[PDB]
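Single-structure report; data block below.
Just one protein chain is left out here, and the rest sit where they should.
Chains: A, B and C, in written order; residue numbering restarts at 1 for each.
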């Protein structure tokens, strides 16, 4: 029954058991996948290793995507331990906290470059590094957010990065489709300051009147990584309780948001 | 015993084992669903019944969406035999043949109305009819095509219909989301079949997709069916109001595919000849 | 009297001097256009005729798009009086979604969508090289908007028609576009809500004016936009870019401040 029975996958971006990458990894494990994990540094190694064992994986590799010299060891590790890969989860996004404040206009060039390098270029370098180990039918998944194509408060440069990221998905889908490899983006809604407001705005205004769970994001990701979605590539797939369809605030005509004030 | 283990679904639009609705039904059956089927007419009934038997279904009902008289009995049947529904597949699209001939400019008002009624309004009437029987968490799926949002040849009024259909999906997602019911559209690429291989305009669209899609293939009925099953299952419980492309990536292409040949970006279509 | 001299245009959908079609007609007149107008019925005639020759037009023709008998006399009239056309303005408006009857659905689709097909097909032989056809739409076509329902289906179909007609007519160097307007304040409870809401949350923190919609329409009808076809052009103070309500420090919605 397992939709990834016997398929090998690399999970990049687990920070703890609430990480999107962990939800996806857990659903993939439940579908029979053979998993491997990366960790950013020694601090996150303390969280990734127990998670990896939780999910039956002894394959745990150091990868700081900002360090070019990490990629060639990763390749070697994967080749020695797994031999090949059937899927990659790329769940990596970072901007300086300050660039996530105020206005886009005040973004520094260094903050811009860091956001673009970590959030966008790392998908290129990761896929190019592992590109020879990918089996026929392999699937590469990255993560995105509605701020790529609409204005959302408190996104700023991350909105630029995610837009480029979704564009990269399209180009990579063409690059890798020649070899029957798929590339997709999962555009997730927020999962339970500014975050509490966006959570509540999504909860009040989404068609399903709820925030998505980590499990729902993980199951959608597993679907995109599995052969169930072998006809799907270059897709930006919204897992957001329907929020993306809303052109305005939801109403009952008074805004539901206003009813919530009593 | 998978994701639809024990979930009840109505499949509208099976004409034969090549129907998109049949691919979706088959994948749902493989995931444990309890299925029911409609038939447009007695000729198609001869065909819906063996498919139903193959997918373990004794629930087979007459539904011609053009006849309003058929909806209340369908409701009565479903309430009698199944009690409730956890998913609906709406695979219904029709325009008179002359409407996909020529240009949109030449479409008759009667042909326009028939296309809109059968391809769009029927989703409203089916969903409103069955709305009281839908359980918490239910999922409604319709079918669409890139012609809704881009120009596609020999599509004409259907491109208008599919656009309206996708808009309907959004509005229904808001209407039904209050009750934790999801509504989505699967936008399928063309599928190569024996019958389709007998028509020239279809042959071109299939060949164009195969040559220019990122995956350099046409999607299979199995691939469309599995994507549909995903959207109907609890795996996609976070997904609503979505237009989900199952088209080998074709939707991403802004121009013809090229291969660098003899240092020049030559079209892949030209190399084919 | 610049970019639409000597250019002849038919304006469909004027009900009074606040109509979108009237704003567009006004801007075209200011650019030197020779205008003609349709009227729905004799009641509207009494209102269209004064507006017309306010814009120097004695060319006022009957058109209820729901009536096939009107379309050929219209062609004849235009050919008689104007000879040819350089632009057409199609500004025609009419209608839960689950509760929509087949009757209401068909009326909305016929009036809002099919009428562009019948009007353009009727007048196609009279359209000059470079002519421009403009219709009107709204964000409810592609996003959920409250109190829009079947009209959101219609406008979605309409924008799709714009694409297909752009291909049909571009063969003869004729352009087809849609202007997607934001709401305009005029002197109804839900409309008041969508209007303040747009005003509070739009990037420009204002509702668009009739003049702004009219000038954008003029641009699309003029040779200034001769490179533009099949376009849905948003004239909405930027509202279409918003993925959520606008904010002001500790995450406060601007909506909550007024």
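Just so we're on the same page, a contact is a pair of C-beta atoms (placed from the backbone, for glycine too) under 8 Å apart; a residue touches a chain by one contact, two chains touch by 3 or more.
K.L.:
Wait, the hidden chain, what does it touch out of the ones we have here?
P.N.:
A, B, C
K.L.:
For the chain that's not shown, point to the residue among C:33, C:113, C:213 or C:253 touching it.
P.N.:
Answering carefully, the residue with contact to the hidden chain is C:213.
K.L.:
Give the residue, chosen from C:95, C:246 or C:251, that touches the chain omitted from the document.
P.N.:
Residue touching the absent chain, from the options given: C:246.
K.L.:
Touching residues of chain C against the unshown chain: what are they?
P.N.:
1-2, 163, 166-167, 169-171, 173, 175, 182, 202-206, 208-209, 211-213, 215-216, 218-219, 223-231, 233-238, 240-242, 246
K.L.:
Over the whole complex, note the residues of chain B touching the chain we left out.
P.N.:
102, 146-147, 149-154, 200-201, 204-205, 208, 214, 252-258, 260, 263-267, 269
K.L.:
At which residues does chain A meet the chain that is not included here?
P.N.:
Those residues of chain A that touch the unshown chain are 68, 103-107, 109, 112-113, 116-117, 120-121, 124-125, 127-128, 131, 148-151, 155-156, 159-164, 166-168, 170-176, 234.
Quick note on the criterion: only the chains that are shown with their structure count from here on.
K.L.:
Between A-B and A-C, which chain pair is linked by more C-beta pairs in contact?
P.N.:
By the number of C-beta pairs in contact, the winner is A-B.
K.L.:
Which chain has its Cα centroid closest to the overall Cα centroid?
P.N.:
Central chain: B.
K.L.:
Between chain A and chain B, what's the gap in Å when you average each chain's C-alpha atoms?
P.N.:
29
K.L.:
Roughly how far is chain A from chain C, going centre to centre by Cα mean, in whole Å?
P.N.:
Distance between chain centres: 41 Å.
K.L.:
If a residue has to touch 2 or more other chains to count, which residues of chain A qualify?
P.N.:
207, 245-246, 250
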